[PDB]
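In the form deposited in one PDB entry, a lone chain appears below as structure tokens.
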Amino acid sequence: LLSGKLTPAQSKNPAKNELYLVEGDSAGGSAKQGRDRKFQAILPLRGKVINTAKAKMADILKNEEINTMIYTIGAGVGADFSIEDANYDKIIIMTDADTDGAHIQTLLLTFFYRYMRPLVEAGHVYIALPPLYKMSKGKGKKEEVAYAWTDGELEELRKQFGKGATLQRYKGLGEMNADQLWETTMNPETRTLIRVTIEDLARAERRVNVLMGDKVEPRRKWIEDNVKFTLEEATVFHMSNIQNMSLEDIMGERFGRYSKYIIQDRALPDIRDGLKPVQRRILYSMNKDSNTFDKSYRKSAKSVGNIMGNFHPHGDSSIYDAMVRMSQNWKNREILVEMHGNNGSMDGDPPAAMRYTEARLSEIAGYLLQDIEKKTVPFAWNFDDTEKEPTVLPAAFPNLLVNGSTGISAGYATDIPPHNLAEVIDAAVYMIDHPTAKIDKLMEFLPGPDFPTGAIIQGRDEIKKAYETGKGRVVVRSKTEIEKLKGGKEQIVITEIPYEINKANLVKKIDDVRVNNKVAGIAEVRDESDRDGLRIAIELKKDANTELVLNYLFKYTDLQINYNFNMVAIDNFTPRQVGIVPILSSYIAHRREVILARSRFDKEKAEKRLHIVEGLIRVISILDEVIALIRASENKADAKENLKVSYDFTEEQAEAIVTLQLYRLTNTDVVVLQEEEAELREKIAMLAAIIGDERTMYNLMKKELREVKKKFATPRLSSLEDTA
């Protein structure tokens, strides 16, 4: 039931037959359609293959996908592996030419290396190579489709005696027709493979264990030593026919590519705006489409489709789940998306699918995007070079700390808990005035996290350690109170639970305590929560020891947990473990760049208008000459030329004069224009002084942070305690 289904070849022939291991059932379908059914079999992989270096050998051998591979190859598994029983001469791995494709290659290669080594050794395991590019279009009798695998092969194809043709940049196998798949990647005559060889059993064994073994620290080290976070990779001169590569180099190049991508571009937040790329794209796309807080909700499926088609070439379930999370006020301290409909619950009940719900950006989310239209932040080409997207948002509140981040990458993970907006701003403002400020002083403004689920955080020293180093362990404990009853009876009443805990599962875990009588005293467990309030009632038997029961429950259920800070974020393209000081100084440095770039943008605009207004006032004095000149001129371009040469107007002034509508000649009021010149000069002065003076800039930064605080501040929800 759980594995890809094998489409076998029509005829047995272990001399020639090929098993295609295909990334995904949909591309598996295309391969089924495009293949030569006589000798090529198709086994689709349902996403990420089990890591056979990490998992246990019972567990590996109860994995459906692995079993159906061992069945099909018909040769046992290593120890019992008879290459002379093998049903194929080639096992051909065919994935997307993308980073998750690279990962899948890695995982499969570790299975073959670890349990079918003769197969690898004999050079029977191959890879793929789909094209990255398709060029050209000239109708039916076509003369205008070729394919390319490198930028250099692409440059070659651009030279075609034609003009501009069409270029497709392939994102995956799922954009290719079965004809195209066969021609480019499955036909022995025309495909390009990589034969995987072992050049050195010792260097291979090392490289596979470091990349794919249980131990993080060597993999982290390998990544620090090998991955170039601030440089692109050069990428191979694509050789045709077959081309050998060592298991060593394939594993290193593939896992390097994947690692770098999921570190920088998936699971870890940017230190400045606090966003993962998917979250930033959600916000930018919704904002670009005017799906803001002040306008009506818009069908989720529409938002998600625009996000996917314009910015984020990944599954809609990934996009939609991230958008839903941004709407849930038990996950985010300051929700960034407002969602009508079933956006889930603290019981973890499934949110309605995107066909049902509708959404827009929250008001505070607009503050993440404030001044994105004023060239405040670096943009980059989207995935297919049709549109630009921000690499970071202006971020007028410090979202990294306010909403936190929880992610799992390669060689790194991150847990940054949420914080109270007012308190974070208070620390930031202090640090604007005192750049060398120390943790003890900062903690007067920012004493600890502020979970949206409230509860009690215990461990002042551990907060401090986390704020210093990025790592610490604190206790988070449910808010409880005792309530008397009839019968000489008490009940424990829970009104706030720990962050990230599922209420329904907690209730079940507590009820199992009672059922198994692990501790004595429990009469009944009732969830009495409703739409207005969380309320769990643990009703105790007559003369139960309520302290014994409550302490048992703190210890052995998630009624209390440990929260481990592991504060990692992307800073200068590279993952970095950070305390509060780097977090806040990065934010400040970011706001500095934003305010300066905004001020330049606005000043340029005001100067252009000023120069135009000066030109219009001058035009009055020479109106008859200007009209005559324009009438004499051959066209618009010529008229402007004559204005500059004859009368010393700038380009911008000349463009403005020649595009005036005739009816504007009714107005000869220079006084209103002079008033505007003066207003513009005042503004330019203020903007120039912000650019020319660090302290003027910093004082504007504080004024704006204080405004955000005043508008969005809410009371702290979690209480802080020192020890137990």
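Numbering follows the first chain given and starts at 1. Under this definition, the rigid core comprises the largest set of C-alpha atoms superposing within 1.5 Å between the forms. Compared with the form deposited in another entry:
Listed options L610, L132, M212, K636 include one hinge residue for the rigid-part rotation between these two forms, namely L610. Treated as two rigid parts, the chain shows its smaller part rotated by 15° relative to the larger one between these two forms, based on C-alpha superpositions.
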The other form holds:
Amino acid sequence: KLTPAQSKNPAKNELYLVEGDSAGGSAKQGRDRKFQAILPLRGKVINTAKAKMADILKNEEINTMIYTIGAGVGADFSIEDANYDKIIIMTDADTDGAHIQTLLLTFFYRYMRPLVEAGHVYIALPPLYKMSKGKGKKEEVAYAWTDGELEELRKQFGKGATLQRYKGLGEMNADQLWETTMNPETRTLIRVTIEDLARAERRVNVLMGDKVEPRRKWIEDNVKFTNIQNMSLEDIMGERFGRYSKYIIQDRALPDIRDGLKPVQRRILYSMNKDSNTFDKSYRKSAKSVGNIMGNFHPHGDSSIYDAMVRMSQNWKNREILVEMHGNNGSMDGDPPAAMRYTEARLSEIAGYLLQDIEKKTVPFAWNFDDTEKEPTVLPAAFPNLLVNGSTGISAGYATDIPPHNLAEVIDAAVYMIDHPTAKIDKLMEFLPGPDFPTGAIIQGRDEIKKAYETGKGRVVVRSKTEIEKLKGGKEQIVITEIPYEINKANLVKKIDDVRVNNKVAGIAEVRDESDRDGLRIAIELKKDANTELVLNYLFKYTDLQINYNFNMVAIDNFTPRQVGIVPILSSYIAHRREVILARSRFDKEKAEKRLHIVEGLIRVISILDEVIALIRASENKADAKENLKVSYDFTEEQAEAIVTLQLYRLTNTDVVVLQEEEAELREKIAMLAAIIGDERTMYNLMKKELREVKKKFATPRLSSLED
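Next, give the form deposited in another entry, keeping in mind that what was shown is the form deposited in one PDB entry.
A single chain, with no partners or molecules, comes next.
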């Protein structure tokens, strides 16, 4: 696990804790082996301020750090016996690296304080940028850390340099690594020093401790959701965890309150759609989709991307699947989906509707990490995806659980709230009565559903749909045909058979999964004279045949986390749809005005065709022809360009009644569009009309039944 330096020298030797085996590799190659050791950290590092000292001892990483520094841990820690003068934390300069620096520091604090107090623990800063320039053989390069340092490089170099924005240590060669972050004579470091032992204890415990409330409050109060230098432990931990917190809150774990997507989902959709990988066209190798995503939009592991893509495709997790996938995309038994090298995929037809009108400038775009392509920050959302498909849900200081809903019900609620902005929950619940899990079952708790629909939190009960079949020999048989959302069929069955094997309740002959490609069925065969209600009851209480589902509805509203209920959600959707439909209408109106202008021009041209040809023949060149067109006949620039760039064959379709029809069509179109832009009510009707069109086209029956 450890790559030891060549010669033991407690006075010079350095220990590099590197983020990941891959960068560990590069660093093994780039090091100076006389005095630098490498010790890769394979994945996120254990929070030694949250976990049991037991699990902490059993930890592969912690154990090998205690034993290569060779000074023991805890109160039995002797600085004098250490094997390194410098410990150096070298992570990507990304938010997850920020997180790792945090975790490692809270270990060196808790269990090796003397090393931190003696200023022996540093943090290496990899560069953020590399500027051009050249071409292949004759190509030069320089590095920068501050957007300011970058501005100064642009002064030199000049044109035509090109910036490479480093996304993490993985895109550096060993030669580049050494020169910029490992060479003692070249590198910028940070020395963690403790300035105030007191102020540093509270800082570490708030952020890294087991208690959630404090941390939530620390984040609410500090995070603004809108050579060698010293940093304090308090100040560093503050700044690094602040970055991670903000990031996984607004850009990883929680869905946007308008389209109900996490950023990775939005990118999966946007990418596949750009590439015309749509419901009406041939499937397409998953790996091809995943790589395009990873290359154009989402700078994270393929497995995160693929796994997300997969989930949006499983109809027992999504109420209305957004991706269709050919092949083994898993099962309710929780077995593993085929690797992205085996499967093909495309957008579902309904996904199309989440994306409807995206070409029409209806939604804010941001630059991507390459600064090479724009991507959308929210989708146009032609149905209220947050409630229909749900979300879940773990961040920092916040987590989220929102159950799926029946498309027709959600839309009915919305259409009501559109006519009646001030509607109370009691009334919306006549349209939207409760969750509809794609897996069906029975949902119990009208009261707790209101609580949740009102506060974002609530606890409801989900219970399996059962039936009793009689068998020959006078013996009964419990048959289960629907089970509760998010429950693994295979385990459930094992856990029930466990009840039989342990004879927890009397009367169980045999458990058998009898589910086949078209239908779920767990048969529980009872004995001769078993109290059949006694069994069913015990199984509800002591296995997941029946569970508690907990609403924790948190979404991102105006850039910040928000515990929210049916009303903040529905109105947020409505508000959003409003911005879009207006944007859309502005777009189409401008496009129609421009055309109308040309068409007006062509209509005049036709009546003076001969004069115009003569006049163009008479000009010297393109520009000259346009000026003569303007001056002699008062056409505008935009018309003149249009006229002068018609191809010759056009002087045959010299037909003005058909152009006049287009003119009329356009005036009428423009009138319709203007009315939408100019009157809230006309526009909300357009919204209601479209929402109804989607319900007609996609509605399906409830699956889950309701009881209180």
